[PDB]
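Below sits a lone chain in structure tokens, taken as the form deposited in one PDB entry.
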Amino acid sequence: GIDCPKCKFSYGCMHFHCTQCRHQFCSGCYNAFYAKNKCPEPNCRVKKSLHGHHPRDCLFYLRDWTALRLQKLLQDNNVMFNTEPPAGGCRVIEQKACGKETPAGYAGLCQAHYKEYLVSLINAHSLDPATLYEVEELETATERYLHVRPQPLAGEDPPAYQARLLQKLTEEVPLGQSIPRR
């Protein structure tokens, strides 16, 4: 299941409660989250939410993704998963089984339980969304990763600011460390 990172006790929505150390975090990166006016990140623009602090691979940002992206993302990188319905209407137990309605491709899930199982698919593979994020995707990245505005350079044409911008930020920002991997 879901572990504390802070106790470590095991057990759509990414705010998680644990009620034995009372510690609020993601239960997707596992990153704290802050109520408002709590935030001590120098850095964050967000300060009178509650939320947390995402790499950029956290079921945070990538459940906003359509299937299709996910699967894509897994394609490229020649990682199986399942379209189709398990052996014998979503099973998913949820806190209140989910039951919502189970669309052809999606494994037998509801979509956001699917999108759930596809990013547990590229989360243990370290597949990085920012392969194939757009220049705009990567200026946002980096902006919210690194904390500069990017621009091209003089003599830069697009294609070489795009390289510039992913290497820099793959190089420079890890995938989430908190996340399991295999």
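Numbering follows the first chain given and starts at 1. In this text, the rigid core denotes the largest set of C-alpha atoms whose superposition between the two forms falls within 1.5 Å. First, how it differs from the form deposited in another entry.
- The comparison between the two forms, aligned on the rigid core, picks out a single residue among 60, 114, 34, 30 whose CA moves by 2 Å or more, and that residue is 34.
- A movement of the C-alpha atom of residue 134 falling short of 2 angstroms is seen between the two forms when the two forms are aligned on their rigid core.
- In the core-superposed comparison between the two forms, the C-alpha atom of residue 156 has shifted by at least 2 angstroms.
- Remark: with the core as the superposition reference, the CA shift of residue 147 between the two forms stays below 2 Å.
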Given for the second form:
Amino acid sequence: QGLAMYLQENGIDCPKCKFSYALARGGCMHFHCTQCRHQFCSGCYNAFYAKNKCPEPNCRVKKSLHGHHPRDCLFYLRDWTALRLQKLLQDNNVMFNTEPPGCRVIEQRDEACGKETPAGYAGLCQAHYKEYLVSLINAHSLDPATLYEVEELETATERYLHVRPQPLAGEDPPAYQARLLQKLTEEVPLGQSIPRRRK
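Could you output the structure for the form deposited in another entry, given that the previous block was the form deposited in one PDB entry?
One chain, no partners, no other molecules: that is all that follows.
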């Protein structure tokens, strides 16, 4: 099937029981293991913790079912435009397909995706093509923060460093942007349990 089997060949391995599913993620991040009933993010393998069961030291949503994702998890990068994901890859000289080397990715009755496969998406649908691009991004450990606007750096600083940044008096936007980026890059690492394929 081309890239459909590339997505399906390296599927989803339960962090708890290590059972291997040969499935694509598309845009669905909530995965529930049949064998051990573990619930985890298929993009970063972090667990979804139930109410009052989150070890995250500064979690503010402790009393509800939720999960925490690194900034390069498909949970976030699925919402980028394909163009922005491609820019991140091109800036790092990473080859990506726009043409094949309905969507034929096989999902669960076990049936095919079958959604529209627009031109430039290598014979896949919007969601699976973005998953393909994000798998290249993850395989090369590329940092999406390098394409953030100031507003995304502010949100990231809050989410991952728990401080609300503010521009300094007389600090032009370029400097503010570079200060937030420099800080986030130094302190917050990329996903530590993201399943990164070979490059």
